[PDB]
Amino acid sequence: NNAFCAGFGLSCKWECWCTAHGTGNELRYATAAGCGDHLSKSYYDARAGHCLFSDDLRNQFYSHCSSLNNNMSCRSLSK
């Protein structure tokens, strides 16, 4: 849900991050720049350097990583 996800990083349904073209390396700073305060209802997890959300904000996050010339990878948090 949005309350617990954006608030504590709990009950989130998606975990996404920007990745570098060519190497596929995770890019924490690019990820942070489009998460938390930059994307309503998202939760930036500084330990993993990943962006989490309950609502499906993949389109919005995709646009962000792309604007920086990066790719995006997401994990569905499936039960």
Second form
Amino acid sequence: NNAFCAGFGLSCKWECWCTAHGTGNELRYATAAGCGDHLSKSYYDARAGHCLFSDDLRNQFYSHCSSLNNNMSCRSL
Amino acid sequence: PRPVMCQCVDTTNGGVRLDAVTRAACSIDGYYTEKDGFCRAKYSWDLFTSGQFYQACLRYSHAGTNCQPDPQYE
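Could the form deposited with the partner chain bound be given as well, to go with the form deposited without the partner chain?
Up next: the whole complex, starting with the chain shown before.
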């Protein structure tokens, strides 16, 4: 549900983030830049530094992580 | 301390320019030049350090930095 998810980070379906190649370290600044105000319908969990959404925005988000020479990890919710 | 210009670069193959990473790091608040891919200080008094830029690059990618003195301020 987009309203619950964007509004509350509730009833999201995916939780994704950019990862540094090699180290696999999470890159919150890169994730942030691809989330929240920057991605319609998304919810930016600034704490965990992850990007949540109900609609399947994985491909779009991937293009952002990838534009920055990064990988992407996603969990299904 | 003089003005420096820097690119974010890959930590692999020769360390090629990573333009979108440089662009992200540059907005530090300097200006980005599309053709040569460097971030420069907006004014000679308004410089960022090579060290600051390195941190900036690393916030956006697994990247290193190539920095040099900016000729327009030498």
